[PDB]
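Shown next as structure tokens: one chain only, the form solved without the named molecule.
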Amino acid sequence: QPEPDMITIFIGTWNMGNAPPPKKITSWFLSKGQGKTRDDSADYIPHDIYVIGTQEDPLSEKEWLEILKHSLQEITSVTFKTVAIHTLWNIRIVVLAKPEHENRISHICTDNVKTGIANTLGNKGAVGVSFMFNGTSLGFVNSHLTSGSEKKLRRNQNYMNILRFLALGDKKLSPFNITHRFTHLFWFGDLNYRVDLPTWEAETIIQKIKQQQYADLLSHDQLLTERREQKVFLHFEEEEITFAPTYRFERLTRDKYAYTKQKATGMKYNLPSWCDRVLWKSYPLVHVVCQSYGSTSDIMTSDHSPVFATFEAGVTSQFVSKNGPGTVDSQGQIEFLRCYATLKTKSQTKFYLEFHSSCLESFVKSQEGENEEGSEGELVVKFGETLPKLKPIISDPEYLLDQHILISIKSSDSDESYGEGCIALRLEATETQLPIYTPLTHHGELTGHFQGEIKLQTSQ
């Protein structure tokens, strides 16, 4: 039985509005309704992995897992295995997988982050799940961010707290937050970003939705605008939105948006908005293709509609040679030439690099770089030809060209990371000097750039 080089992943996000679901929710898992929907011909084909994020979920874990497993059984005739379930207050994530994957899945981690302070600590935050699928690391984040049209800055703060403090994936990757720990990271939930148009325009917005004319609404979506200004979700992807706003509906129909201010809303307007979202970030040059992104039309127990997204995702096999694991492959080597970091920092400490990769026995520390002042005020840290030669555990090109090197640039004085990035080994050529580049981030904000040349030697 061959190991796969591709899997499909279903991502669902649903704010349930503290109501039990209806008897049938299969449309969600089939990616049927509005937007980019799944072909009828695929209906019986199970996804490899289903990841279900709920918010305002009133069910026990037992009650929800029964409903989910029943739904998938009815669609696929497959009894899915529970990989992980984790709940913080009424925020929940469930990961289900085909039984044939049970011995492909390992290193399962769960965590949560509670956002805010005092007044604003008690119901918002995130849950997450990570695991290895053969040689591929997968992370999943379900967040319920701060509500309200006038709190986009609070949402951006909630995002930074979640990516700083959610403890998933390989704890040895100590310089790296969740935005660097995974081959594929999916981040979804009730992110609560709103369409920023005047209150008086509510009926105009409703008209536009009835005409399926979303362009003048999406141009005011706070998540799109904050992402374009690099305020949140830097280096993440989102599929184009082609479905109606998923919030705020009258329950038991989808015919009416309930937007007017009420005592129940704290006298706040809820203009129709794309609150419910799926984003992803994969390592450079790894296959990831969104094959659906939409909302259901027939599940109406909540004031939100469910959102689905599905993906093709490249995966690699648990590689064994005669040498690695448990030793290196003399044939293999990674050389860095003419490398330099450009940092936005005002500090003047010396810096060194750490190279982290599951293709190395353990992480590699460089010598300190040579600081120079850049023309336009910047710090340039030069490494020249001084960087260590990295010795991968396996030299087979079918393995090594699929790997990635995480880079952290750390202060000699404090040993704190000033920037993190990732370099793909999926090169155009081996035994050849080739340009490499990554942006550097810290706490998910841009801090600099790393660039230079690489020379990769494989057994071929």
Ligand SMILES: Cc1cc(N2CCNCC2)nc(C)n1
Given for the second form:
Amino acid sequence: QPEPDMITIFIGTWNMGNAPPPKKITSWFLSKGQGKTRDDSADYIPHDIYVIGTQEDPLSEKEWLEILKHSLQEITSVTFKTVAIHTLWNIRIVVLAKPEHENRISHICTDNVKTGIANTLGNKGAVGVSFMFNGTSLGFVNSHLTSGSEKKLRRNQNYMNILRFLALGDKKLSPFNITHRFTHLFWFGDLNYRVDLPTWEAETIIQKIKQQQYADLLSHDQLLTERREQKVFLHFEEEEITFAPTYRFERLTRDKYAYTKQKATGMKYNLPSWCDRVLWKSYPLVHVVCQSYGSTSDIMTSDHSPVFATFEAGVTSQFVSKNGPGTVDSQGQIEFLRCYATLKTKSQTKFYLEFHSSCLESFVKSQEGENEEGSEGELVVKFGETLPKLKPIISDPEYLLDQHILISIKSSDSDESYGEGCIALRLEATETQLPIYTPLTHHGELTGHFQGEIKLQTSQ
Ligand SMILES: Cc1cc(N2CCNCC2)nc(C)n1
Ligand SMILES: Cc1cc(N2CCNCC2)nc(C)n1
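With the form solved without the named molecule done, generate the form deposited with the named molecule bound in the same format.
First the chain shown before, then all remaining chains and molecules of the complex.
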């Protein structure tokens, strides 16, 4: 029974509007409706992992699990196993997987973050799940961010609190937040970003939706514009949106957008918006391909339509050699040449690096770099040829070329990370000096760059 090198992952996000679902929700898991939809010929083919995010979910975990498992069984004839379920208030995440994966999935972790203070603490935040799938780490975040067209900045703040404080994945990766801890990270939910057009244009927007002319609406989508200006979700991907706005509908039909201000909305307009989103971030040069991104047309119990996205995701096998795990493989080494970090910091402390990777027995601390002034004001930290030679646990190229090195640049004074990034070992050549590069972030914001050269020695 061979270990897979690809799996498919279903991501669902649905704000249920505090209403029980209708009796049939199979269209969601089949990626049928509007947008980038799944071919009919695939309907019986189960995804490897289904990750369901709900917001305003009125069901118990038991009630929702029963509905999900019965849905998937009807579609696939497979009885899925529950990997994890985690609920904060009415925000929920469920992970289901094919039974054949039960002994491929380990290190299952759940957490939540509550966003806001006093007034704004009580119903918004995020839940998440992480685990290993063979040699691949997977993380999943379902967030319900602050609502309202005039709160895009609050949403961006909610994003940064969630990526800082959600404690998923390997805690030995202490300098790294969730945006670096996983081979593949999927972040979805009712992100609540709106189409920022004047209230007076509501009927014009509705017209555009009826014509399936989304271009002039998406050009005003706050998540697309905030992402373009690097205010949120830096280094994440989103598939092109080709489905109608998923909010705000009159219930029991999809024929009407309910946008006008009401006491029940706090006298706020809800112009048709793409509130419900799926984004991802995978390590460099790992296979990840979005195969669907759309909304259902036939599930109408909520003022939101469910969103689906499916992905091909590259996975690696749990590698065993005669040497590693449990020793090094003398035949393997990673060398860094002519490396320098460029930092946006106004601080003058010395900096050192940490290299973290599953291909190492434990992380490696460098010597301090040499600070110089860059020509445009920047701090440049030069490492020269001073960086430690990394000793991977396995030298086999089939293993080593699939690995990644996380880099943190830390202050000598405070041991606080000023920047985090990631370097793929999927090189064009071994035993060859080759350029490497990663942006550096801290709390998910750009703080600099790391670049230089690598020379990778494998047993071939
Ligand atoms: C909690 C956790 C740990 C972990 N690792 C990788 C295997 N060895 C132990 C450390 N990986 C993930 C995704 N989560
Ligand atoms: C034009 C553009 C590109 C981008 N990328 C691309 C490669 N990795 C993820 C980040 N993100 C945005 C918001 N805009």
